[PDB]
Amino acid sequence: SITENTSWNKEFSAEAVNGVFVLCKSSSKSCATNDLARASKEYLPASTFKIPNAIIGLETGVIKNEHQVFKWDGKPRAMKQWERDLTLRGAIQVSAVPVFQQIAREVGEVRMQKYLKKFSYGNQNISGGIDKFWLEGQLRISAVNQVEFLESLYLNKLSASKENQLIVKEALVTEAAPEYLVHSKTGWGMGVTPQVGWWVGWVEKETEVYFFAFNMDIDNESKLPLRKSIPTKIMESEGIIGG
Amino acid sequence: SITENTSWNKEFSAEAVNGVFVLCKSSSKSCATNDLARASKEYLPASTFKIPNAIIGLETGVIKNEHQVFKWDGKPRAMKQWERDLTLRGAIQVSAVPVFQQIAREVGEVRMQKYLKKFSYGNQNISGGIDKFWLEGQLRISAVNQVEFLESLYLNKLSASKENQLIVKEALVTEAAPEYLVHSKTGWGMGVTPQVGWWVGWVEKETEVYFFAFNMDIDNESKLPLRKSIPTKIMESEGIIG
Ligand SMILES: *C(=O)[C@@H]([C@@H]1N=C(C(=O)O)[C@@H](S[C@@H]2CN[C@H](C(=O)Nc3cccc(C(=O)O)c3)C2)[C@@H]1C)[C@@H](C)O
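As they're listed, the protein sequences go chains D and A. Quick note, PDB author numbering runs 20 ahead of the 1-based positions in the first sequence. Quick note, PDB author numbering runs 20 ahead of the 1-based positions in the second sequence.
Derived Cβ-Cβ restraints for the label pairs, each shown as a range:
1) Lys152/A x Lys100/D: 53 to 61 angstroms
2) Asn143/A x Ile261/D: 43 to 51 angstroms
3) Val130/D x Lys100/A: 53 to 61 angstroms
4) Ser47/A x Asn29/D: 48 to 56 angstroms
5) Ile261/D x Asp105/A: 14 to 22 angstroms
6) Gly94/A x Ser179/D: 35 to 43 angstroms
7) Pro214/A x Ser257/D: 44 to 52 angstroms
For the record, the hints were derived by calculation from the structure and aren't laboratory data. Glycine is no exception: its CB is placed at the ideal position from the N, C-alpha and C atoms.
Given these sequences and hints, build the entire structure.
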């Protein structure tokens, strides 16, 4: 029942990129997209996988609780922003891949498989190595499936404790005003061709809720801000951002 | 022992503010204040009482859950900002008193009394009527006590489920930045003299956490923003926010 809104395409052509936005009001039963085909196409999740990985980390006890500090061992990491002790929120905010690869390692394949099945997480293919599958492996998930998973998270309906779902929700908050709250997560998947850029999340505005998932083909770093600006312009046209 | 930091008085001086800031790193065992006497003095909590009231409401069942919508009945309310449907977070963040009056009535005197004893909340005096004790009744709490209560909340150590503590915690998020996160709640107690203004909460930056409570006398309504600006300037100067 997802509907196509072809006018949204102008926000993609204005920036010379290919991609999809899916936007649902209230539930995943009222969704619209600029491109019906791509809305259902599955792409490497990259750093958006920190959302399930975090929940799974808490459920399995690998992450002890919300106050867990991920200590840096001092050995060098691929970005300087990652070279420091991090909270769960901090590790999510900076997209600290090494923290999550250690989480995945301790969770292990059999349990990670079990959770991705419970979560109906895309093609649930975690081959490509326990700490790499969402980065250069065979895992793939669509914008539509992202929206469905995030709706279950918002509702505390994933197969995980309410407490753990709440902890991860707080960690994902990226904008806050009295009657406007955004939970969101970016991704940039360099380990696939073409590279994929993601922005997924949900907006609570007054008493309404909107689920969203965006992805695009990324040539390189310079186009990364479009992951937020294109969704922002669509949501503005829909009356979500302003008043 | 809480230490006195006279220096902070400089931020109170230009605006002639009579007030106190309490700021603790990691725990309420490591606190400082500009004014030891005022730090421990108890003031009417006004809208800051929405924090325990929300938790009590959830713990009793009076508040259904995180997703409960508080419908406006169309009858005029004291503030236009309150004349709409509100989520729990909305009701807390716009300080929608009538929503919390109804919650308090449904909680009731016996339960409310017991939870303030469990939370060690100030003087625990709820006389004045069940729906006005924190507005114009006799309940009073100090800045030090606000910090101790907020620390317990942070740590999920109040006598309430971890889930209900977590619900209220997300409801208190007020600033979400890449480097830090702020949970806070304002208050303006117009039902006492002098009028009291509050800002209480905590800040998480890097791997550290700081609890804070600020109050001041409000000589007039134009001085209201000082309830955030003075403690923000102090916490900015120490590196806690920014
Ligand atoms: C995930 O897909 C991927 C990440 N995603 C990235 C991206 O979106 O660019 C990079 S890491 C990313 C780049 N910008 C942020 C950042 O540094 N922000 C930030 C936020 C809060 C605080 C601070 C700070 O205090 O320094 C910084 C992180 C990477 C390619 C994985 C799979 O590689």
